[PDB]
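Whole structure, please, built from the sequences with the hints as guidance.
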Amino acid sequence: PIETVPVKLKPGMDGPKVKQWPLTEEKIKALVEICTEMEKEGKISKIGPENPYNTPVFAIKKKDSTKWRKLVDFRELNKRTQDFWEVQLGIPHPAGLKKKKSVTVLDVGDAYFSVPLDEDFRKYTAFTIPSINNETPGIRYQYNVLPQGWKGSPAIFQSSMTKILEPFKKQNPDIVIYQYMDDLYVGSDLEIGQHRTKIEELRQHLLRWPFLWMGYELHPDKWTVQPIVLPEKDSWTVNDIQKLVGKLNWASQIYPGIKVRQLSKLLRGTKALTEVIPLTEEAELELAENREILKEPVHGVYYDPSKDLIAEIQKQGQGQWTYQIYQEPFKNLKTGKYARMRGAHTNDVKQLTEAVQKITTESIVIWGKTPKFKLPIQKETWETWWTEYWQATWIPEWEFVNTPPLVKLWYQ
Amino acid sequence: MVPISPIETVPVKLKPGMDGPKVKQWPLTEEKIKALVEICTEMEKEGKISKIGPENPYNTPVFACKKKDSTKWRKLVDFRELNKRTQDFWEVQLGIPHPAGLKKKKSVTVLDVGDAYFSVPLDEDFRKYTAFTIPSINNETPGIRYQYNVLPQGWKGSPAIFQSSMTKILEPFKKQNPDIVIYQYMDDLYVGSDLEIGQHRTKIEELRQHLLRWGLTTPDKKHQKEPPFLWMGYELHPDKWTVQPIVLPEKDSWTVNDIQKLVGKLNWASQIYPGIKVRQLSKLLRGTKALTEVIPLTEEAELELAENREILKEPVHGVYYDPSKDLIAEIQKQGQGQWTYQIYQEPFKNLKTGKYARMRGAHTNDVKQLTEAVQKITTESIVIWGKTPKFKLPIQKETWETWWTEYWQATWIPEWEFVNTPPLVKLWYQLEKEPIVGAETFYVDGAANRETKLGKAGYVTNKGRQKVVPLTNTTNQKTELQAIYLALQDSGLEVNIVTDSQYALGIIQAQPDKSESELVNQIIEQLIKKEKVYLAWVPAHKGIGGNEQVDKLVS
DNA sequence: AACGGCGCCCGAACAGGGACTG
DNA sequence: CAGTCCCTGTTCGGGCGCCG
Ligand SMILES: Cc1cn([C@H]2C=C[C@@H](COP(=O)(O)OP(=O)(O)OP(=O)(O)O)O2)c(=O)[nH]c1=O
Ligand SMILES: [Mg+2]
Ligand SMILES: [Mg+2]
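For the record, the sequence lines run as chains B and A. According to the deposited numbering, the stretch in the first sequence is residues 4 to 212, 226 to 428, in order. Heads up: the second sequence at position 513 corresponds to 511 in the deposited numbering, and the numbers run straight through without jumps.
Hints in this document: simulated from the structure, not taken from any laboratory. Misleading hints may appear alongside valid ones.
Cross-link-like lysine-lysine pairs, in silico, PhoX-like; alpha carbons within 20 Å at most [as the list claims (entries may be wrong)]:
no., chain 1, residue 1, chain 2, residue 2
1, B, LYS395, B, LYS366
2, A, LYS102, A, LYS223
3, B, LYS287, A, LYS223
4, A, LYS13, B, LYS20
5, A, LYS249, A, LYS104
6, A, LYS249, B, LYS32
7, A, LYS385, A, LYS374
8, A, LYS101, A, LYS385
9, A, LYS540, B, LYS275
10, B, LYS249, A, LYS431
Listed below in structure tokens is the structure:
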């Protein structure tokens, strides 16, 4: 009894044609069971090979959850409908969400299954379930309702979501509520007891209308930054000063006031790397001046809502991972470091997967965007394992780099 | 007035703004003439082909070829101009079934649908787009023109439509018989069950009659009731399987196209025959771009070919998959970037074998390649069995630990164990993490002219040692590598090396043991001879230490 | 002389970053 | 500051095997 909101692709672009990748046995058995129930409920319908479009699908388990969740890699379809979820029916981002003491993330994507999808657009939501050992051909479906993981789903449902959240926002004018993809971000300055109680009130507010029982908690007020710090040693060797000047020279691309004149004078000649060099009176002055510039904020660094976010990650070893978020090079909007994550000292891919999820979550809270990642990993290595450790209902864009650490810049 | 078959039609459109095919016929021999006029008449009475008149302004040529090992002929429509104007289809055939993924079944039956594409109807509004004339004489009778009511063989949409229609018909039968496994590939159906042989034929006849309701015939000509079953080019026995006999050509003179077929058969044979190499054979397929050019077999390519023929002498076989036992994969290093592996559950009962010999990157080491081999085996294992095997790798736990913890890129290997079978994979040299006390410090640098291609390379040390070498036909990157090579040549067993070259440092830090560059291989040879090497980097053109001094010499 | 599928090994075309020259 | 070079990377189409 609801008119299907018309959806159109961006002009000049065709639907997504992405090949399904191999799935493990436990994931295929989960998707076959999930899709059979959704088909019985009319959420999806089987299709044939006359639908030239296709989107990969797999399954995940959220943190501390044993229930399989269907996850579609709608990344290609999302950037082929970008004029919709950003121009026509956009979602405003509250600048106070990152200032709240506690922020809970609620999976509300199941609500999208109640709104029908435009019949002319259902052909683009096509996906294919593979079979083990290619026993049977692909089992293709398409969505009849708003699909989870599609950026157009929260936009069309936004008018419905506002009516549901209206009594609660009036009841609590201090609580900030943000909606990104299948998730709902609820931030409040209340204490942890008062917060979780108010979260349950919102859950009951949604029940009177399968992952609504979960609630991932955040603390954006406790989020730290990782500035560039310089080592402090009692004695300095030629090798120490060479690494220091190399670090400051690269840092001059960010802070233009950093000088290295008096420090390079200490290396005049052809000295052995291990020779101890006492710092002169001017070298102590210059090194102290550079330590204060690194504390000062970078000039003219602000967020542009029209530019994409870029995130670079560095493997520092021993469970340490550093990252920087920026839109223009050397204009970092945030720098941070992660340590002792899941898989530390045993699995790089799991750690890197966790780091990408943490960074994306922060980017959603601070700016409401997902950054495009520059991953320090080989494409074949990442594409073999990342789905085994993914625990999020969204998927960011990423590319693959290989930058040897010529100078340790973000972690000495 | 033609009857509508029970199979649900598939709506097929065309690309917008384009019409149907309009291509003239091909003058063929009179042998093909007396082998298609009888087909268009038999299909006309059976409703598979209808006749049209002048109201269909389209035409498409057709040819025919003998079936493989059969008296019956095969008709193929050259729809290459129709395929350019027909809508794109998403293929539901995601791969090829492999016998190593089959489980043990007590009773096995292999079927084969007769007249596969000719039993599935074409779209109603699309039959008009398949026009073709048939001349009874090569230059006399104009010949009445017909059309297609089914799937023509040669059209790019025929396979996908048949594979999808076949699945919809089997869906109700599989729901009524959950314990029965039906491997559906194109028209051939692999049916297996743990039922008794008597009760197995009962369900087979139930399936043969179930498919008969939609006009799908399963004739007795290609009905297989007893092993060995010929399925997907293999020999299926009750407890083992093997590839059908592979014959390698043995010509006295070897050309290019002969090696391409030779290497291809070896790649197909490497799935069950352990230890097949194609490095030196494919090494002959480089540079030359003449398929009809004779190539003499090198001594390395001849020894590689002789060793492969002796492997194909002894009969080998694989086993079937038992989900109750674990999956084991064990890799061996064959040398020269070649790797071989075996996947099994019980010792010396290989499910399948394979090889990884890809050389990616100009500079690499054995640990990188072993990592890539593990990834290929993992993806292959998920396709066939849907799980990752436990690995047995010829590399020490300590060796791997040193590599991945100190590497700057994320890398990982699934659950694995060490197997002590030489040649073991190791790191041939380790760069120090701190400068070496008491070791001579070499400040190296190189520079070359972009125009004359002339350059210099050399070093200065803290003890006064110095060298400058003029180089002809070189680059800036080559001089920086040569400078490091000079420092290694002229230093003791322990040495500190300072360079401004991000290029050279990036190559050496990745600890390569092989390279396509002779200069890098010489650098590697020196790095192996040393006991301690510390590589440090400074930014160029900054008056830093001895780097400023050696910069004056080489420029 | 056809179509679709998967695999391998090959080379041409292309992309991207340090580094040098006008 | 551009425009190149040197180098190394990926993408893709064709060659072969094999299936239907
Ligand atoms: C071998 C082959 C096959 N096909 C398509 C057509 C029917 C199915 C199976 O072909 P087939 O089994 O050899 O012949 P088929 O049409 O089934 O007739 P029968 O010989 O089985 O009675 O795949 C094709 O299009 N080109 C080919 O070269
Ligand atoms: Mg057949
Ligand atoms: Mg230099």
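So if I understand the rule, the pair passes when the alpha-carbon distance is 20 Å or less; does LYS395 (chain B) with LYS366 (chain B) pass? Given pair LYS395 (chain B), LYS366 (chain B) holds - Cα atoms ~15 Å apart, limit 20 Å.
Given the hint that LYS385 (chain A) pairs with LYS374 (chain A), test it: the Cα-Cα distance must not exceed 20 Å. 13 Å, holds
Given the hint that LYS13 (chain A) pairs with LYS20 (chain B), does the C-alpha gap stay at or below 20 Å? 16 Å, holds
Would the pair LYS249 (chain A) and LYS104 (chain A) pass a check requiring their Cα atoms to be no farther apart than 20 Å? Between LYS249 (chain A) and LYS104 (chain A) the Cα gap is close to 44 Å, so the pair fails against 20 Å, i.e. violated.
Taking only the CA atoms, is the gap from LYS249 (chain A) to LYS32 (chain B) under or equal to 20 Å? 51 Å, violated
When you check the alpha-carbon spacing of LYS249 (chain B) and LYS431 (chain A), does it fall within 20 Å? 18 Å, holds
Are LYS102 (chain A) and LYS223 (chain A) close enough, with their CA atoms no more than 20 Å apart? Given that 20 Å is the threshold and the Cα spacing comes to 16 Å, the pair holds.
Distance restraint between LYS101 (chain A) and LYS385 (chain A), which requires alpha-carbon spacing of 20 Å or less: 15 Å, holds
Is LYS287 (chain B) within 20 Å of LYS223 (chain A), Cα to Cα? 85 Å, violated
For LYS540 (chain A) and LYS275 (chain B), compute the direct alpha-carbon distance and say whether it is at most 20 Å. Given pair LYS540 (chain A), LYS275 (chain B) holds - Cα atoms ~12 Å apart, limit 20 Å.
The earlier numbered hints that this structure contradicts are 3, 5 and 6.
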